[PDB]
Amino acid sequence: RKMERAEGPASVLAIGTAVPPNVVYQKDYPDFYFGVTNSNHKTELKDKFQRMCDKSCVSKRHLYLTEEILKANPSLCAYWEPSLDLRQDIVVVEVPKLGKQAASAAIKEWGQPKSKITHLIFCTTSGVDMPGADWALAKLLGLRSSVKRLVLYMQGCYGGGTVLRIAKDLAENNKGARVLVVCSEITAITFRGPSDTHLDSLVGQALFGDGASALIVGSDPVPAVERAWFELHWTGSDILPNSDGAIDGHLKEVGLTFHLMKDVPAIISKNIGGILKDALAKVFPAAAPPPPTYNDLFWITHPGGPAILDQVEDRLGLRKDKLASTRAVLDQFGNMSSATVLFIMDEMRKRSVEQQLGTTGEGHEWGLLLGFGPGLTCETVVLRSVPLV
């Protein structure tokens, strides 16, 4: 008559990542991009893109689309021409396949048999289908036929916080539950040619890359058997003021299109302080601890772009090293939408181990994961690190 619930906080027990093999260096991208799109006569357009690549703080990105793949399918190299069936027929298979790579890495690391996975959350902004990427991934992995699945489509760059917000309740309210969390994104859904009044779509071409990340999330890790890396303690979601239409994304016959109608860095950086301050007030209330200072937290922040990071760092007065893990991931894979915060989480724990810092969170006990996306939606997750050795 009942389902027993768990007792301890939803914990990240393993993380895996995966990227397409093809690497595109940002030094090379304005040439590759304008070359493969038959558009170098667009000398004016070409050079402000050159300038945004220069200021993108992305060094390289992994992309599924090859010179040869774009060679063979002209309608993506073209611009604003019917393309949805071709991208979907790519993305509906390549997105779950990339996610299966990350998932196998997480499961191996976790060390338990794949049949102990009781739930799956699959999150993507690239492609839609029925049955969905969740079912395609379960088929690829051979999960038990009764895993409870959830596919979160058309999320955007806040989706990495969204999957943690949901996984927390699945893990905490079901005794023994082990949640596979996968975020997988592939840029074939939005890749277009350049144009001189699609300069929203231009910024996309400078920052968006491909990748997938996977977590195992569970409460009450089996002692000496399973290993927790971060604990999910508090979540919050917010629609920022005066941000209507800031970030829109439409799934159209020409594919997925991308729109910025507001100064997204100003909106986030102006309002982020009040959000964090309230969240920490809830986690550390007077009635007891004072909340740690911003510099004494670890920061897992979605790098929508350099201008967001710089203005957040400026408005909150963060010491210049706090966004280091965030910036390293953007530099080496660019903006991978919902998957990005989980690459950052993985990078942060790996350095902490490698450099023998005191905790999985760079030596700090508490931290914040932030996702931003259409809405303008901001997802806040207060995390706790776990001590090392």
Given for the second form:
Protein chains: 2
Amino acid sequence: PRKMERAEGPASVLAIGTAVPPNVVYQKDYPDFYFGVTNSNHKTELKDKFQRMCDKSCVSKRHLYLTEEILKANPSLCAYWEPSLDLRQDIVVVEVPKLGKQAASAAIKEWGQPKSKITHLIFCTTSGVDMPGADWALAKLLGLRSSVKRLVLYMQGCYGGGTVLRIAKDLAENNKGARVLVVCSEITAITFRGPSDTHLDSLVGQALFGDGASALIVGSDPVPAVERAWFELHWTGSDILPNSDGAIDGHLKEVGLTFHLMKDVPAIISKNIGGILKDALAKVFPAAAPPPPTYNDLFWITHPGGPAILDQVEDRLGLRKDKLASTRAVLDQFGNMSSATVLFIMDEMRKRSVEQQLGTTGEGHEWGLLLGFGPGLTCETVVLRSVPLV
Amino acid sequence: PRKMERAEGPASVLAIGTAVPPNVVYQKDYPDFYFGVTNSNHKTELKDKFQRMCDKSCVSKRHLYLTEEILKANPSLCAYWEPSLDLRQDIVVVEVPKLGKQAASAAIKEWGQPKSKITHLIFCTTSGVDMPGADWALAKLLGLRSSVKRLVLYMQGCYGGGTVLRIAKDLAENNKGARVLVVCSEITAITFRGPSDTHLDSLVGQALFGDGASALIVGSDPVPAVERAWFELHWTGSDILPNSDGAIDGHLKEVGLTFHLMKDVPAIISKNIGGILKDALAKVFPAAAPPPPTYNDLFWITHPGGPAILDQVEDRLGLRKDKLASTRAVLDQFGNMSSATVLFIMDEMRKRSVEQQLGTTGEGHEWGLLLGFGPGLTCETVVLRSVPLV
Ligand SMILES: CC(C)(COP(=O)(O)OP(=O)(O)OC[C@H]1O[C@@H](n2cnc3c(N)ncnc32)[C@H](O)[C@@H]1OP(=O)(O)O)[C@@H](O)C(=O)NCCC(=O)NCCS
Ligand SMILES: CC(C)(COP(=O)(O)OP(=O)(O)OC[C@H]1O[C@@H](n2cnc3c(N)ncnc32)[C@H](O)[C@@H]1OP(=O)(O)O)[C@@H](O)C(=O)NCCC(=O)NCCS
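Could you present the same protein in the form deposited with coenzyme A bound, rather than the form deposited without coenzyme A shown above?
So here's everything in the complex, that chain up top.
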């Protein structure tokens, strides 16, 4: 007999909550707001480039903690390269767990069980670092039991929504009764800065990144007629894509978090993703036996790093345009919320599936993929099973 | 019929490697070196405080990446409060994975299996942050498979050696054939600063903290006559101690990593540890059945945050004076190396047990405790089983 009993069934998503800052910035307004608040309106050619980036972003609106009032009170955030980190940390070490608490409370409310039943916490963010960390802060805000087993995943970046599921799978499955609270919370105050015409890749982030937090309850063996599974975690993989050193770098500097991109992140992802998914599906559906579903028969929860990534993955895999509809809906209404985004998309998908009276929580499809992409270049792959509806 | 097959036996430590910077700094020399290099010899009462901290440290020597040459070339490190973070990061983002590579290569050599059989990586450090992180850097330096499942645990602090085992346990046990490389690597260049008489708590670190990296191979179901288990992981727990808000804080600032560190941390830990261990042992050895071993029939791998912690725990728990001998030997020869220290002690203990021809890898005792303490105040408790010798 093991000294810690393990669970039997697959780790399952039992609830999803989300939260965003109340301030909404419409993309139509953003070039004028951003170049005005950063005192950059003399940079007319650069502003024209940024206008084109926003026009092509496939982002209609974003929720941002930062407001004009906060920016006017804190000029070091509006410069391109001024010492700020201490100010940025003072903000996000508080606001990242606070936003995470709102998402977690929503997940716990849906779950419907006492928060004392939570045994583990995973907190993922790319926004700030501290000791004790955002996991400790969230546990205190929520009133979790003092013996909850916590894990803080800092400086993860845009693949982190995959990472938290890959870790939560083993916590839930190897511990009988475990209920894992998973929180991803992202606030762009850590990276916001003024524009620079020698760093056009930093402008990309200004057009795409939004704020938000998402939370899950993950556990194996849901209690019948009490808990409800929405998705099951069945297979995980992680890959460093070949020839991708430096494709996406991010450094925590005295001026805050800075990013350095390569212009064909979309090419690197789209040229390698097919081989990764073919191998994953072959391992989940081995011949010896049902064949893998085809790509267009899966449901897709894909990190929308930018519209060009989505377009090129679509093209190379032969996806029909509607496969990424839920993904694009979140990008359109929230922007790129880094690690939190795929869980917003998971929530969007199950909600659309219920509303449209489809046969499963994954748009009627049995099997599906959650994909995160980020610094490395790292690709996180999670093979999911939906749950039948009514 | 799991899509990912799980393992059967307890997660086991199959190899341990360690590495330290070659520069050895003897504690008897350190007050004069430190106050000399920071231009502080006129601070006579402050130097007397530091002299007594060193005299009572129970640290005879430490290994430090920083040298007199590096300090003289980088005077912002020798002041108490000067912007330095970018310089410190430039050092530790590179040197922390480099030191980790040395420890990992030693562990892999002992393990004796090809590195391509490593399936997972956990990298823990309190020294620097970057994207991609120290996990990515170590994987690239070692040439691990591109599909290794990585996890970077940043800004953990001194409980991280317990945390990495808590996570590795579930990675190893829930994944058939998984072999987890676990690395903790710490370099005090992130925190070194000049002395200040309003911040004696910072001086504490200058007397105690040293540099080092440790690496484990962790896996379930070791291959008979091929792999060798040294310790087994059987039970894990984590607790936030009551009335401990602010006891150990650490902030990543523009001046580097800063610590705020309360007097009687030792009292908080020693007031609470008995109830935590009585609870843990009661869960590992439940009545329904052999009783828990007594404290003095366990082996002890205790994070030596400072000698006062060890002395007060030893007193409160009634430990015989030799129970903490392996722990105090690592403190004496290496200082407090943050999350890496307990793995150095685990290595020291198995080596003493072999050399002295004792009955198990835990000094002849069957069961034992690994304890990490850090910001929270967080206590990580791991109940280990030794392995019988010859
Ligand atoms: C940013 C994006 C919306 C621009 O859309 P696009 O029309 O497809 O590409 P365009 O070539 O017209 O780009 C518009 C401008 O952005 C510039 N640009 C785009 N990506 C850039 C980068 N990484 N670095 C510097 N400049 C960049 C282009 O050079 C162009 O400038 P120009 O109009 O002065 O020539 C799109 O390229 C994208 O979605 N990228 C996905 C990858 C990514 O950026 N994601 C972030 C990471 S997780
Ligand atoms: C080793 C050491 C620091 C002990 O020396 P000691 O037995 O206490 O001897 P002394 O009392 O002469 O201490 C030397 C000086 O350190 C100071 N000091 C010790 N702990 C301190 C703290 N947390 N903050 C500020 N000053 C501290 C003492 O006050 C004293 O200076 P004083 O002249 O102002 O009285 C000791 O207090 C220790 O081990 N502390 C535990 C430290 C700890 O919590 N470390 C864990 C991790 S980062």
